[PDB]
Amino acid sequence: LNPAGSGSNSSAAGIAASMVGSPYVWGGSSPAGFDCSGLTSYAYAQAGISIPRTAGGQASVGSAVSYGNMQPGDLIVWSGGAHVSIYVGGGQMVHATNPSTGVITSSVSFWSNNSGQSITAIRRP
Amino acid sequence: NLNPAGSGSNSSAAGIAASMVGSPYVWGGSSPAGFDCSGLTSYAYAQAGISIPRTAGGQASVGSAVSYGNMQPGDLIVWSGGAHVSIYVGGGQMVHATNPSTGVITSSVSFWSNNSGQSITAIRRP
Numbered sequence: 290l291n292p293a294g295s296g297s298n299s300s301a302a303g304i305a306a307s308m309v310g311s312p313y314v315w316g317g318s319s320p321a322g323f324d325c326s327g328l329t330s331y332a333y334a335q336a337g338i339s340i341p342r343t344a345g346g347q348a349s350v351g352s353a354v355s356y357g358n359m360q361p362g363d364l365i366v367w368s369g370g371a372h373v374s375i376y377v378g379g380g381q382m383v384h385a386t387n388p389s390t391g392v393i394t395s396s397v398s399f400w401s402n403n404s405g406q407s408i409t410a411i412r413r414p
Numbered sequence: 289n290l291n292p293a294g295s296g297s298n299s300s301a302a303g304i305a306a307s308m309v310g311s312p313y314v315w316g317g318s319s320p321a322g323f324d325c326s327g328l329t330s331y332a333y334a335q336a337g338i339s340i341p342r343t344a345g346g347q348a349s350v351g352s353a354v355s356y357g358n359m360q361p362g363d364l365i366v367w368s369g370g371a372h373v374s375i376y377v378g379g380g381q382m383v384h385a386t387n388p389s390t391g392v393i394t395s396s397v398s399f400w401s402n403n404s405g406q407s408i409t410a411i412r413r414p
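So the protein sequences, as listed, match chains A and B. Sequence positions in the first sequence follow full-length UniProt numbering and run 290 to 414. Sequence positions in the second sequence follow full-length UniProt numbering and run 289 to 414.
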């Protein structure tokens with residue numbers, strides 16, 4: 290599964306990457322502070338595409354992507370909505386973690402192997 | 289009129305441009321396949337939802353005037369009346385399509401002002 294990618298996908302990835310270092314804040318969806326679905330929602334809204342506010346809702350939009358076909362901008366939903374990240378290439382994802390670390394870039398593999406969470410959806414708006 | 293409040297489009301254009309670092313430079317280019325200097329700034333803003341002039345010279349008139357000390361990520365820096373254009377990304381750095389040998393890079397605004405022979409003729413906030 291390698292559905293059609295667009296400028297909005299690569300642009301959402303670039304906006305998310307530029308937000309690295311932003312604070313984590315419960316319910317946040319702006320540069321003042323993001324939660325996990327608020328960062329992905331914000332990145333796509335700024336690229337001109339509205340996606341649902343919750344990780345669970347983000348799991349149903351766009352086209353299904355297979356793991357090996359991930360491209361920058363793909364939304365990775367974890368354990369049915371427990372978490373959401375945005376793929377930025379090189380096996381890395383950008384995501385709002387917790388108040389101690391804020392918005393970071395880290396390994397998809399490390400999170401899948403050690404967080405206790407599993408990828409339940411990979412979507413390409 | 290002068291140094292007006294920035295928007296998400298400004299910070300978003302800066303993020304999109306920074307993500308294009310490593311892209312090839314190509315004469316007349318305005319896509320990830322290859323960019324010229326004004327093609328990169330136009331593309332970054334189009335992806336952030338704003339249409340700006342295609343040429344560096346036209347970008348000198350877009351949006352509002354900005355003074356050097358008030359630059360914020362997303363500000364367009366026009367050089368020698370359109371000879372070059374770059375986008376400020378903060379920390380004194382700008383992203384720009386240089387030439388085929390280096391492609392799109394991030395480099396110092398002060399290094400370019402002091403040694404390129406070019407001068408800032410306009411700083412604009414779309």
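Calculated directly from the structure, the hints in this document are not laboratory data. Ideal placement from N, C-alpha and C gives every residue a C-beta, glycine not left out. Where hints are given, some of them may not hold.
Between beta-carbon pairs, the in silico distance windows are [unchecked claim]:
hint: 1; chain 1: B; residue 1: 357; chain 2: A; residue 2: 320; range: 30 to 36 Å
hint: 2; chain 1: A; residue 1: 360; chain 2: B; residue 2: 387; range: 47 to 53 Å
hint: 3; chain 1: B; residue 1: 386; chain 2: A; residue 2: 337; range: 39 to 45 Å
hint: 4; chain 1: B; residue 1: 386; chain 2: A; residue 2: 292; range: 29 to 35 Å
hint: 5; chain 1: B; residue 1: 349; chain 2: A; residue 2: 355; range: 30 to 36 Å
Over 10 Å on every C-beta distance to chain A, these chain B residues come out as not near it, computed from the model [stated by the list, open to error]:
hint: 6; residue: 296
hint: 7; residue: 300
hint: 8; residue: 307
hint: 9; residue: 334
hint: 10; residue: 370
hint: 11; residue: 391
hint: 12; residue: 393
Sample of chain A residues with no beta-carbon within 10 Å of chain B, all distances over it, derived [to be verified]:
hint: 13; residue: 297
hint: 14; residue: 299
hint: 15; residue: 315
hint: 16; residue: 322
hint: 17; residue: 335
hint: 18; residue: 372
Consistency of the hints with the structure:
Our hint of 30 to 36 Å for residue 357(B) and residue 320(A) is violated, since their Cβ atoms are close to 22 Å apart. Our hint of 47 to 53 Å for residue 360(A) and residue 387(B) is violated, since their Cβ atoms are close to 28 Å apart. Judged by the Cβ atoms, the range 39 to 45 Å given for residue 386(B) and residue 337(A) is violated: they are separated by roughly 28 Å. Between residue 386(B) and residue 292(A), the C-beta spacing of about 34 Å keeps the proposed range 29 to 35 Å intact.
Between residue 349(B) and residue 355(A) the C-beta distance comes to about 47 Å, which lies outside the given range of 30 to 36 Å. Not every CB of chain A is more than 10 Å from the CB of residue 296(B) (nearest about 5 Å), against its label as outside the interface. For residue 300(B), the non-interface assignment is contradicted: its Cβ lies about 4 Å from the closest Cβ of chain A, within the 10 Å cut-off. For residue 307(B), the shortest C-beta to C-beta distance to chain A comes to about 3 Å, within the 10 Å cut-off, and the non-interface label is violated.
Under the 10 Å C-beta cut-off, the non-interface status given to residue 334(B) relative to chain A is violated; the minimum distance is some 8 Å. Consistency note on residue 370(B): stated as away from chain A, and its beta-carbon is indeed over 10 Å from all of that chain's, at 25 Å minimum. Distance check for residue 391(B) against chain A: the nearest CB is about 16 Å away, which clears 10 Å, and the non-interface claim stands. Every C-beta of chain A lies more than 10 Å from that of residue 393(B), the closest at about 16 Å, which supports listing it as non-interface.
Not every beta carbon of chain B lies more than 10 Å from that of residue 297(A), the smallest distance being close to 8 Å; the non-interface claim is violated. Not every C-beta of chain B lies more than 10 Å from that of residue 299(A), the closest at about 7 Å, which undercuts listing it as non-interface. The Cβ of residue 315(A) sits about 21 Å from the closest Cβ of chain B, beyond the 10 Å cut-off, so the non-interface label holds. Listed as a non-interface residue, residue 322(A) keeps its Cβ farther than 10 Å from every Cβ of chain B; the least gap is roughly 15 Å.
The beta carbon of residue 335(A) is not kept farther than 10 Å from every beta carbon of chain B, the shortest such distance being approximately 4 Å. Annotated as non-interface, residue 372(A) keeps its C-beta farther than 10 Å from every C-beta of chain B; the closest such distance is 22 Å.
Hints 1, 2, 3, 5, 6, 7, 8, 9, 13, 14 and 17 from the list above are not met by this structure, while the remaining hints are.
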